[PDB]
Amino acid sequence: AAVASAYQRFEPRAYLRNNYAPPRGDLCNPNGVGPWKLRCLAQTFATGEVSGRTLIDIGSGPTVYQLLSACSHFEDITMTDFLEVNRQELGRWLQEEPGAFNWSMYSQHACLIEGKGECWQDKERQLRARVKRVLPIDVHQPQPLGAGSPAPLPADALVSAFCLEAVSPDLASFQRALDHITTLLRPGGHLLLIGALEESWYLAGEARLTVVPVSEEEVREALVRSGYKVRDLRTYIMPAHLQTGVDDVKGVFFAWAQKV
């Protein structure tokens, strides 16, 4: 409701520089949040238990790092966002247009930790080839992609990072949004959920956005109540040097959940 108007002033390039340029975007320190997120995803896909033909990324924003390890396990990938200015920034990177964001530091680091000898250009090439479409989405609607969408449903897997808690006024609408995106997932399919812990605001240029502050326990309970078995749930505590003025995040959680 009120989240809708706040996001109308969201600046993609301000969000990217706040969260994916140095210091947070410096991947040289292995104790940083960037390396921790990439490791969570790489370790999960390296188990081999998360696989299929189609995958959907919920609330992509203007970022692609969350699919770097995913893309070699799913041949049809749908990226999504509420904002068209983000879908446009995504398109600029998928089509190698001018002004695209330079994700190569993240592709590089994903290649390092996967340990398959893959060069980073091949990783990026493969991600662009498998992202078939970039669609609008609204996780508040009981059909987040609308009716009859160009997206093959139900998907084998969902990935969502920093969306649900950032679009939800409180714990209850957070739980509904989770219920809503769960309708997109085949039984036995997997959810990879990344989110901020105990956060209440972040800035994106002129936009100041409200976040529901959630704990690890509340994330687990909410995944159960939506019908998931929780395969893994991990926490990163935000160090002082990554506490800038752009938000009040206290930590990051990673959940690997399987729909029963």
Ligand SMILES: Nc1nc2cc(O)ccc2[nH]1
Contents of the next structure:
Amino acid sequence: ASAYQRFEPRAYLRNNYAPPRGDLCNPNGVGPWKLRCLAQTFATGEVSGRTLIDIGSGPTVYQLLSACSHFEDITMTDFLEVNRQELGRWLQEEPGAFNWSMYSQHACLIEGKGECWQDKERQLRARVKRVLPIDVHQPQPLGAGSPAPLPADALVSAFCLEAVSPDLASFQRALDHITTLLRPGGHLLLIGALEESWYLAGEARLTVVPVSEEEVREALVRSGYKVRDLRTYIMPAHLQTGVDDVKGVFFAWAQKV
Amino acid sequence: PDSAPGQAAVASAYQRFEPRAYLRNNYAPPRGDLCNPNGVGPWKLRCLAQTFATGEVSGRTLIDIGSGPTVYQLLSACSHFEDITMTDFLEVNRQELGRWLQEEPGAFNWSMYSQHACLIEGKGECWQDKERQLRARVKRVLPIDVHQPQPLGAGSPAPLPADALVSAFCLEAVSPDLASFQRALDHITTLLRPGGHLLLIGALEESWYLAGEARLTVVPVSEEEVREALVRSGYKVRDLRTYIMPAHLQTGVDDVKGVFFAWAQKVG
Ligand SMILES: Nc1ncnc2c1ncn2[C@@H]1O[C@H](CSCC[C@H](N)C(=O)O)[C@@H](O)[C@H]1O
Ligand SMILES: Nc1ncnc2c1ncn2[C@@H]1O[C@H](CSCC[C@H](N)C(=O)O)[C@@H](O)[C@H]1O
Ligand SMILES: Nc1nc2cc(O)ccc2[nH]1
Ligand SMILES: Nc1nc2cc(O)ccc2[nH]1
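Please supply the coordinates for the form deposited with the ligand bound, as a counterpart to the form deposited without the ligand shown previously.
Let's see the whole complex now, leading with the same chain.
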């Protein structure tokens, strides 16, 4: 935990969302794969509502691109002030924001509605109402009188839980905690590392609980979800970069029942 | 009558043509705004993309007639031709294309056009791939004069005859009158093999446009005039569609009232 105090957002982005992992040109890369699960899922039309919460956003937005066209009130979160400040730099188009434009374009490409990436970024920036602090370790992760409309119609979290959880059970509880934020019938789209144990973010060196596809499945069931979709991307050699030791990436579409 | 005087007036006026001012006037926003699907930019890209998408327009070689400082007209095309020749009358335009080819920062940025084409061709291509291909397939940039009977010169580089021709806002913009236009059309048509295809785009009912200092003169033409010239030069007209310029895209850089797109195949 205290490890996250040393977490450098620029180094995290550089490590994961700049080339080689950040190169979206090759359709066999992790980035293209991630956007596709997101897009495909929403394209079904079955994940819809008015409000949505992104759990542990860090300093990234890609995870909301296809999503933002289906929910008018979007709430983003993270445990670190630094990250929240970085999200705001891109939301307010302030100086030194991160360049998500490749990711916007590709989302537009994948969705195939002939939308221009500028329109896409405009819509995201418009629907994100607030950026709130959060701790998944708390049975009320948002706090008491959170400005966020609860319960949310749907939830999105990527590379969070397993990254803030020392072991399998703390993972399971964190999932339970957030699940409380989700209106019954609501949907959860969860993405994360498979069989990862550590990863760097500058001077920070975070520990991770190595999970598996089955382990992730079981957890979702245990938390009270019907698992609608669960897919795995195996990390190609050339995307093993020594910023971490992730072996694969998983995507789950889960429905609170 | 006499072609020389008119042709000389043209050549004279174009010595004042400023490529940057031209680029800004027509390919920066509001005209350059690709976000609105009702815009001219999107309509043009869509005409090209849909056309090549039939798969009916292919081969080894292609020539772009009066490229000017622009490449957007080749984005959907370059996936279908190994060898592409670009051409323009003015050297300063040829140099402008040179900058883009060398991928210099000084160059004009077409990335929005590349992105949008990729977007409409629907193959999830990334724009950098599309651009890298175009630069790969442009085998030369040649001087051209459509008023000569051999618009490229004699014994010129271009592999002739070409399997297809592309030309956008060229003919009507260098032709003082309909007869000149027609002749220019016949001259370039000698570069196209029989059975080959011509994709033609240009202004409808336009008489002038600005390119910096240069306020140039254009022969206003209509859809039907364009149709007839094609028939006259020996083309079956496969498709001819018209875009009516929206009030808010009529910005005083010209007096264009519409834009025409012609897919025509040379009888052979
Ligand atoms: N106790 C906690 N509760 C919620 N998030 C936490 C947390 N402790 C750390 N985090 C955050 O978990 C994030 C993991 S990195 C994930 C970034 C982004 N979702 C992406 O898809 O890349 C970090 O931003 C980190 O600050
Ligand atoms: N006699 C001639 N023969 C062929 N092209 C000529 C010409 N005289 C002028 N031109 C060129 O005609 C161009 C018209 S502007 C069109 C540029 C580009 N094709 C577009 O799509 O915007 C100018 O670049 C000009 O140099
Ligand atoms: N922690 C973390 N590991 C990752 C691996 C990826 O391939 C993409 C995003 C990531 N985030
Ligand atoms: N000359 C010229 N006129 C034009 C009109 C347009 O709408 C787009 C490009 C052009 N080029």
